[PDB]
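Enquirer: Listed here are the chains, written in short residue letters.
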Amino acid sequence: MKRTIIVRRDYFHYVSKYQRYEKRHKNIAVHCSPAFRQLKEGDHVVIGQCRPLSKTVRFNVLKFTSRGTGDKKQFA
Amino acid sequence: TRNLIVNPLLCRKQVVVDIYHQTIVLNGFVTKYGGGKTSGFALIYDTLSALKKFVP
Amino acid sequence: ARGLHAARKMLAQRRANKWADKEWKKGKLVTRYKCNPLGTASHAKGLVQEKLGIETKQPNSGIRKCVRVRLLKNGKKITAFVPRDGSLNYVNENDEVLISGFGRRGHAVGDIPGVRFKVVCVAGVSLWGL
Amino acid sequence: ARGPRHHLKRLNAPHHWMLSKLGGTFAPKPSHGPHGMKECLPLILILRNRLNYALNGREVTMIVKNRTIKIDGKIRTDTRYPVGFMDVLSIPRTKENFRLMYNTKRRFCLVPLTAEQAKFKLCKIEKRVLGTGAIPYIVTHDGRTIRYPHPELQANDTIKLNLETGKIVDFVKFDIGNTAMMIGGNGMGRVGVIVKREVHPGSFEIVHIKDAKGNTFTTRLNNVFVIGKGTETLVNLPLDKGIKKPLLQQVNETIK
Amino acid sequence: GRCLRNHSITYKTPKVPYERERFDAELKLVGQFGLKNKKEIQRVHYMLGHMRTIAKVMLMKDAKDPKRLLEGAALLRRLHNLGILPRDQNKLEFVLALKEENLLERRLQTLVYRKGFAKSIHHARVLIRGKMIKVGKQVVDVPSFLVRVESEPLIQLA
Amino acid sequence: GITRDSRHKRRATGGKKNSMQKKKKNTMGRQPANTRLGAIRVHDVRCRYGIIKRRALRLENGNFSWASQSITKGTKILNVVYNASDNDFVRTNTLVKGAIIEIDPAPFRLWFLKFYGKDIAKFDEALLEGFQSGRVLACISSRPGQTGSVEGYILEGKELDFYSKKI
RNA sequence: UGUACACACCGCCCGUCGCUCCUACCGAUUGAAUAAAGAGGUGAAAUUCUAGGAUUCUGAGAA
RNA sequence: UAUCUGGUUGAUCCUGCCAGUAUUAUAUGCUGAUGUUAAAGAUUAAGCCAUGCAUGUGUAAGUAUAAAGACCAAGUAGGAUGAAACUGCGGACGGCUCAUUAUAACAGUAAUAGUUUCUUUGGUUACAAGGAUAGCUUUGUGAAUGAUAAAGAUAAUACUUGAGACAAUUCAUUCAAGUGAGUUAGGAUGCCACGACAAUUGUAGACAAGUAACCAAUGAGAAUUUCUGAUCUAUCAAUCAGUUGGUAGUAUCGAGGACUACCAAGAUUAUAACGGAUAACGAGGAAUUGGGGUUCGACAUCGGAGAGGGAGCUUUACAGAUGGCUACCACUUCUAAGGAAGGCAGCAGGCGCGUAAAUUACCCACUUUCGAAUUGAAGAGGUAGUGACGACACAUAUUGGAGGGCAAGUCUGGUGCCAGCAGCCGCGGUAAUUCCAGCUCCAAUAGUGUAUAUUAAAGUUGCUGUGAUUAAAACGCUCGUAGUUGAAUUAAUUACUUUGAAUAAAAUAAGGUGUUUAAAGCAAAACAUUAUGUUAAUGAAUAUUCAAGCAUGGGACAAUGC
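Top line first, the protein sequences correspond to chains sm, sz, sy, sf, sk and sj.
Counting in the deposited numbering, the first sequence runs from 79 upward without gaps.
For the second sequence, the positions run 12 to 32, 57 to 91 when the deposited numbering is used.
Counting in the deposited numbering, the third sequence runs from 2 upward without gaps.
Counting in the deposited numbering, the fourth sequence runs from 0 upward without gaps.
Counting in the deposited numbering, the fifth sequence runs from 2 upward without gaps.
For the sixth sequence, the positions run 2 to 122, 187 to 232 when the deposited numbering is used.
Worth double-checking, as some hints may not be accurate.
Below, a list of computed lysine to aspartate or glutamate pairs in the EDC-like style, where the Cα atoms sit at most 16 angstroms apart [what the hints assert, rightly or not]:
#	chain 1	residue 1	chain 2	residue 2
1	sf	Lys28	sf	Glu38
2	sf	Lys20	sf	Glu38
3	sz	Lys87	sf	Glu38
4	sz	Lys88	sf	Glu95
5	sk	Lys138	sz	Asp29
Chain sf regions said to be covered by chain sz (calculated; three or more residues, Cβ under 8 angstroms) [stated by the list, open to error]:
#	segment
6	81 to 94
7	130 to 138
Worth flagging that the hints you see were computed from the coordinates, not collected in a lab.
Each residue gets a CB set at the ideal place from its N, CA and C atoms; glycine is no exception.
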């Protein structure tokens, strides 16, 4: 999507009864400015919270770090 | 007896009556179980111009 | 899955394995509101329409006096015991009665052939004091 | 909830009022004004409970509608006027002056004052902005708007007010060597000397303060209220003098 | 919950309704102290169980814990002033060694029989109920009144 | 009435959104007023909290600012020639923000005569053509459906070329 | 040694058919009843805009 | 109290279930001396309502020649007081119910540099003008509503004009300092619209009082929004087309596909989307528990939603208001037959429904709310009446049972596999320990049985914690993705751990305190023989607290490092 990316956060949820964690994930739609041109899929991204910029886009990309490739270099 | 509150704002003196057995108003009197001691709370409305003014 | 991060399968296994509990599944699935003549109610009221006597099981001998009741809330037809000695003569016809359970035994209980309900009032007070 | 709420149930009232849970179904909601709903003590609460001049809400009205109570230098006739911090409370018919101060038990306590020291008040600046026409003004914790102030009067300091004239008498900088009395969370009523002020870029400033007896604790910058400079106070502290006895002493002293 | 006041229980019924070992043991306490019914035995057991639970909780903590020092001293002080625990035993471990007889021997009915004001433990109950016995300054008609050590020598006829 | 709540939409997953409450005044919208070109016609609308919004149904005049000369003049609006959102706004001469309109540069010409002593009928070439042709290009910068007026500015070098090529 | 018998092989036990009662399944009947979504037809009403100016106010204007 | 017992057998050891047991909470049978405290039409029907009340408000300070002022009292601008009426404020708070609702709501948390009223509080900016209107008088209609028509007058802090001299909005350009961060508060230039501080009130309680805009507080308020967190179900596996994003605009108090035009094909899903069920409002909390847990939460308090069903609006600062209005559907009532209002999921009460739930009472004296205000109202609130729902203390009698589980009779009369008892095993075929009675004693006791359900027992749902050769249960076998688990080894985040910050009470635990004890209450006093004084007396530090979020010391065990 144009000037927008989807960021996935992986965290662990603690279930009190079994005293064990379980893996969970949530998708956050964030706005990617054209300043970050080398941003592709799989990169590590730090986002910050701003005013609602769309129906779901309520965050903004502040910095990003490139990571390993998977023969699919899908840039922004 | 017991404690004194000097209350010129309401033009009043109030005491906790401790019975060891128009300006006067008595309220909240109850004895102790088994007779004997009786307690209560008294209302010194001094001048008869507060009593009427400051009295339901 | 006894691991530290294996809480998904451990929690999901108990959900599936709990449905094999006969006593627990019965109280959760939708049958107490359709297949129970009494329903959730502890006691129910109905009209007596027929006086019946059921023979007991093989190792016993005698006739179990009982009544046939038409409940108000649903309209089903049931059979109800008449507790202690000679209490069937106290029960009239086309009158309201209070019907209230039994223990539950092996489901059925004490008038033997499939009866599971006992008359506790006759309009009056009690098919006890009466 | 179509509009503002006008009632206040007793159980929802702020805890440090200590309204008896069986006294009634309602609590006196403090009318808007200088101080917040939970940082204030309504005038009815002060007279009826803390001073026993009145025995019910009927008699509180007779006292206050007689024009006999002065908050600050002005005279208030509102039975639910919000009296919060060291805002002075003067009763000229009884010739006594109190100051609504905190104490170590997270409570509002009336500190007696002399007539000459009931003519002044300490206010904590909250913000300093440029008004229209490049006219600067300061907003105090009381809620006063003050016109052209001294340029050194920054956001987090404290000033001394002359109640009869409204002028500024003395100001104390918010530095790392000045006394402060906490007004917020668990430090409510505690008095110490600021020793460290660490800042986080995003969320809050957290202040480390050392008690007079050597104890140390921490609080948010919001709850800090500078009392004086160089361990010297401009106001008379309550009986405990801002010292929290650590539990065992308080329990033992209540037994005795 | 629906009432703003508070209501609490004071006794609990036993788990196994019918035992011969329990029936005679309770009867020994009833005869020795002249109790109305087994509800008065059960209140003592409940009251004893609460203090036993408190002492058992803090005995598992460290000796110098501030929580233990505050609650342990308070529990012992309440025990001493009630007269249940003699003043020499100032350790929490002695609370666990308490028995229902210690608490029962501090009811006003027991003391006025031991003090000689009444001929029999049953006569003590009748004397108490008839507004005939005074403790210090206030008359008492409840025989379950647990007298403190300070009020112990203040028992006299009306 | 028209509503602006998000309870009638669908979730980001495409699932339908069930209903718990009814419509409320907080999320109330109002019927748009398409400010056409014609005789002056404005209405006062009571908004929330008692404030008043000037709903301009029809307008002819407007105040336009020349950035280079640092002046602002009142001027009659002639035509609407470009709307970047809908072409139907061009035919109906609807006045909205960002609508490139054509106005007669009569007051601006007169001001130039009194200030420089010259007549326009360096400046960008297309600006001169608008002066001699009697129709200069300006962009509306106010919200006529809210403020009740047409406030704008005369287009200049880089903005003029982009909008002129669009026509 | 084997056992499914312990009244102990005169043991125990299987299935079809006939009778009575109960529960549930398929079943032609464009079966029936109730309730809620979807589409479409007709569509009161109040608001927004537009035309109207009965009246009444100043000596054409305003409402 | 970290507890088990009867029942498969000729007898034994097991798996395993049935029954017994205790506790809660709902109904009911029998029974009942007191005092304190206390739930009470939710379950079924958010079904229907007769009647009565539940929202009004006046001080010296808005307007009063009432033909009102023998009632204080006198009266040339209206003497104190003043009914009704215009004007102002309020009825958007409070009260009731839980139908709707499955990331919706709610809880903690964070943001508003993305909005913001009302009230209250602190500040800032002509020697006096114009009409008409009610109560008033007069004439009236209609069966009738809180029904209404004409004419004649009369006031304003009602409606207007008008000197007294800036402020705030939009736009364009520009100079720029706090804050983590702002072309930001702010200043300058030009322009439009808007435009004031009553043309106001007490002679008496200059002091007041009132009014318009604009700043700021109240406001950790309201409203949107961020992160994390829900019950069962795969005989629900694919769902979505304003749907996902972009630009421009529109609307709104405001962000925003909230809506429109054009553009692109996106968004969610095995870590359970989209569906379906709920006899589902969420939370604080409640019952029971050795530890872990299981079940419940309509109902004190906080948040949400609704007023028979939808829908649409008016007034106003706040309503999609219903003790406001309009229309449609379903009802109810009056009627003179023409027409008319009404919404008890408000307090009493009535019908129906069901196993299941109270007076058509009195008062604003307590708490507090509203109002022109010390005074008036308040079915909010308080007091009283019914009340074996429950809890506490306390007199001297009932309830169930007597084969075992389980304490108690191998007593006597009838009954004769009948009547019956029997929760389970079972007893009864004429000598019944079990039926029906009489006597006796067994348990509890003003309580005690029964029925349904929750919890424990159940190590018969298992994380602590089960079983799989034969009792039920290892896929026919191998490959395999997600998932789970991963050898030793080194002298930037996350996770983990320790301290805190901040965080509503009630409730739980717990500190003090002789309500005569106790359940309670948060007060009372201990002694000062107490006004004096302890005293400026107590408020338990009251601690919690899980899952998230913030800070801090440590880096062993772990994940992503790069």
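Enquirer: The structure should be examined with respect to each hint, and the outcome stated for every one.
Expert: Verification of the supplied hints:
Taken as a hint, the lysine 28 of chain sf and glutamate 38 of chain sf pair is honoured in the structure, with Cα atoms around 12 angstroms apart against an allowance of 16 angstroms. At roughly 20 angstroms between alpha-carbon atoms, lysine 20 of chain sf and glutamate 38 of chain sf are farther apart than 16 angstroms, so this suggested pair is violated. The straight-line distance between the Cα atoms of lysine 87 of chain sz and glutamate 38 of chain sf is roughly 38 angstroms, outside the 16 angstroms bound, and the hint therefore fails. Proximity of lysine 88 of chain sz to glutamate 95 of chain sf is assessed by CA-CA distance (about 25 angstroms); at most 16 angstroms being required, the pair is judged violated.
With a C-alpha separation of about 15 angstroms, the suggested pairing of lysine 138 of chain sk with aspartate 29 of chain sz holds against the 16 angstroms cut-off. With 3 residues having a beta carbon nearer than 8 angstroms to a beta carbon of chain sz, the segment 81 to 94 of chain sf meets the requirement of three or more and the stated coverage holds. Judged by the Cβ-Cβ criterion of 8 angstroms, the segment 130 to 138 of chain sf is not covered by chain sz as claimed, because only 0 of its residues qualify and three are needed.
The structure fails to meet hints 2, 3, 4, 7 from the earlier list, while all remaining hints are met.
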